[PDB]
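The chain below stands alone and is given as C-alpha cells, in the form deposited in one PDB entry.
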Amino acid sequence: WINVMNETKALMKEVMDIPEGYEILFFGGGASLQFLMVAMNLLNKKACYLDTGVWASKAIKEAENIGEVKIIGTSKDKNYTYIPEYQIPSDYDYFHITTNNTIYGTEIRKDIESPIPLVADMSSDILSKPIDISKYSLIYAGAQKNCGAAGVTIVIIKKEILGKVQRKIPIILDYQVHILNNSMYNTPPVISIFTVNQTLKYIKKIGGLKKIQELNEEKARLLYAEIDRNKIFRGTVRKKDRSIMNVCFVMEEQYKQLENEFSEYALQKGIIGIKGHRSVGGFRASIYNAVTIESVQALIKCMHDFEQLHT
C-alpha cells in the first residue's frame, strides 16, 4: 500500500542517507530475481563480477545466461576464506560485488571506488552500517536473510545508469517501468514489507546505522580476540577480510578431535546455533544486529573455560 511503502521510503532515505538521483524499489522474487534484472537491465556488451561465495556465484551464473561475464577474482581455491585482489577494468558495463558472504565469514567492509557503475548485493548486510550511497549505482537486498518471510527485496538504483542496453527488455523485468510506476507495477505482499517499516523504525529508535555498526564491531572484535588468543580454535578467514556479522572458526590442528565435545560443552552452557555450514565445518557465530554484547561474552567464556579444561 502506498502509505506503508511511501513511509518506508522516507525512513530508508533518512536512515541510510540516500540523496537525490536514487530511486527505491520493492520487489517480490528474492535476490535471485535481481540476479536476472541486474544483467537484463545493465549488461549491454559485458560485465564483471567478483566471486566471493555461493551467492556471488549464483549472480554470476545468471548474468552468464544474458551475456559476456568476466570474473575478475575468485577465492574458490581456498574455499572462499579471503576476498580476492582485483583490478576493475574500465571498459565493462558494471562491476558486481557481494559484500557479505554469510557462510564463509568474509566481508567487503568499505565502500570501494570504481571506474564503472558499482552493483552490490547487500542481502545479508544492508542495514548493518552506514553506506555512502553515492559510490553505488545499484544496491539490492533480498531474498533469504535469514530464514524468514516471502519477503521483499529492496533495490536502491541510480536512475541515470539505465537505458544503455540494446536488447529488448521484457516490461516486467525493466527497472524503468517499475520506477515509472512507483514500485506499484507488480507488488509484493504488503505484509512482506510492512516489517521493513518497523525494522527501520527500530534502527532509528536505537540510534542509527553508525551505532549499530559500532556495536557489531565491538562484538566481532571481542570474539575474534578470543579466537586469536585461544589455543583450541582458529579463525578461518584472512584477517583483513573478516566479517563482523558472521564469525567463522574451526578447531586448531591438534584439537580437531574435540570438535563434538565442544559442541556439547557449549550446549550444556546454553549455547546453540553456532554450527558452521557443511562446507566449512567448525563453527559460525551469527552476530545479528543486536545479538547482545553479553551473549558473545558468554560464548567467549565458554571457549576460554574449554581451553583451560584441555590444558
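Heads up, when I say rigid core I mean the largest set of C-alphas that superpose within 1.5 Å between the two forms. Numbering follows the first chain given and starts at 1. What changes on going to the form deposited in another entry:
- Comparing C-alpha positions between these two forms after a rigid core fit, one residue in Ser134, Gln176, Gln144, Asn182 moves 2 angstroms or more. It is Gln144.
- Core-superposed comparison between these two forms: the C-alpha position of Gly282 differs by no less than 2 Å.
- Superposition on the rigid core between these two forms places the CA atom of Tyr255 2 Å or more away from its counterpart.
- Core-superposed comparison between these two forms: CA of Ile116 displaced by less than 2 Å.
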Contents of the next structure:
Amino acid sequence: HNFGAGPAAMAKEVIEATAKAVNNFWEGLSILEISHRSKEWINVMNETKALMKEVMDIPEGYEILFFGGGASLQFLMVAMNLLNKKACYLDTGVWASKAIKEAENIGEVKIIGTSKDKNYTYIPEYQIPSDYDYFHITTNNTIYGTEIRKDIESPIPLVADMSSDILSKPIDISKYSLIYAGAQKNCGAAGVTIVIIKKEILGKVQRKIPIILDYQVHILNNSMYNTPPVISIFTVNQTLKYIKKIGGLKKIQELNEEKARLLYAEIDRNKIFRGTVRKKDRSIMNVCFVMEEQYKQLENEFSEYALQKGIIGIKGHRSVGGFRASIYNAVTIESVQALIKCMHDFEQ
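Structure of the form deposited in another entry, please, following the form deposited in one PDB entry?
One chain, no partners, no other molecules: that is all that follows.
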C-alpha cells in the first residue's frame, strides 16, 4: 500500500499504457525514439492539451505548457515573468517558503500571511493588496497536511502551486491566472511540470528575461521551443485519459473526500494517534498525524509494525515528525482502509 508523497501511486492502466516504451505508433519505434517534431508526437501534445482542457474545464484565453525542471524551476519562472515591481505571497509551509525565497532573489516580496508561528498547522487569515503585481499561494502544503480547498477571489492575478492537489477535484480555472504543478503526485510520472497560464497577464514586466525562462516564447512554440520530456508528457496524456474514463474530476473528488474522511475519522477515534492540523484546514491529499502523548511510541512501534503490515511511505517530514499519509488520486479506498485497520489493530 503505497502512501508515498511524490512520486506516488499510479493507476495501473496508466503504467501499462506506457507499453509505448515498447512500440508507439511510429510505426514499430519506441515512444522514446520518436521525434518531437514528428506529426505523431505533435498530435499527442495537442491531444493531451485538448483532454486537459476538457477534464479541468479550462476556458478560452488560457494556454497549457509542459516544462522540464520541476515546479522548483517554476518558482523562478513565475517571478521573472510576472514580478515587475512588487509581488505578494502566502507562506503556508516548506514549499511556499521555497517559492518565496526564490521570488525574493529576483524582486521585492511581501509575505502577507504566515502560519509559521504555530508550526504551519493552520492556514492564516490574509488580505490581498490590490497594488501588487501578483499573488502567489500554495494550494496544498504537502509536508504539513494543510490545504486551501475553496478557489480564491483575488483582485491581482492569482498564481498557485498545486503540485500536491491539482487534478484532485474540479476547480474554477477562471479565478487562477497561472496554475503550475509537478506531475509526479497526481498528474503523472516525474520529469514534466505543468503550467496553465492566462496568456493575457504576461508582457507586463520590465524587460529582463532569458529566452528559455520566457513563458511567451514557450507559448509561441507550443511548448516545444526546445525538446520536451516526451515520455513524462505521455504519462500525463494517459493519466488524463484515465480520469476521464472514470467520470472525470467530479467522481475523483468523491473518492478523495471519502478516503480523507475515513482516515481523519480513524485518527480522531483511535487514541494512540493524534492529527496535527486544525480540522477546518485539513488537507484531503496529505494527511499528517503524530503519536499521542507521548512517544507511545512513534518510535519503531507504530512504524515497524506498519511496515510489516505492508504500509510504505508514511513516515513524516523531519520538521513535523510523526507520520503522513499521502492519499493522492491513484491511492485506493482499500489501501486507506488497510491503513485504518493497521492503526486500529495496533491500538492497545
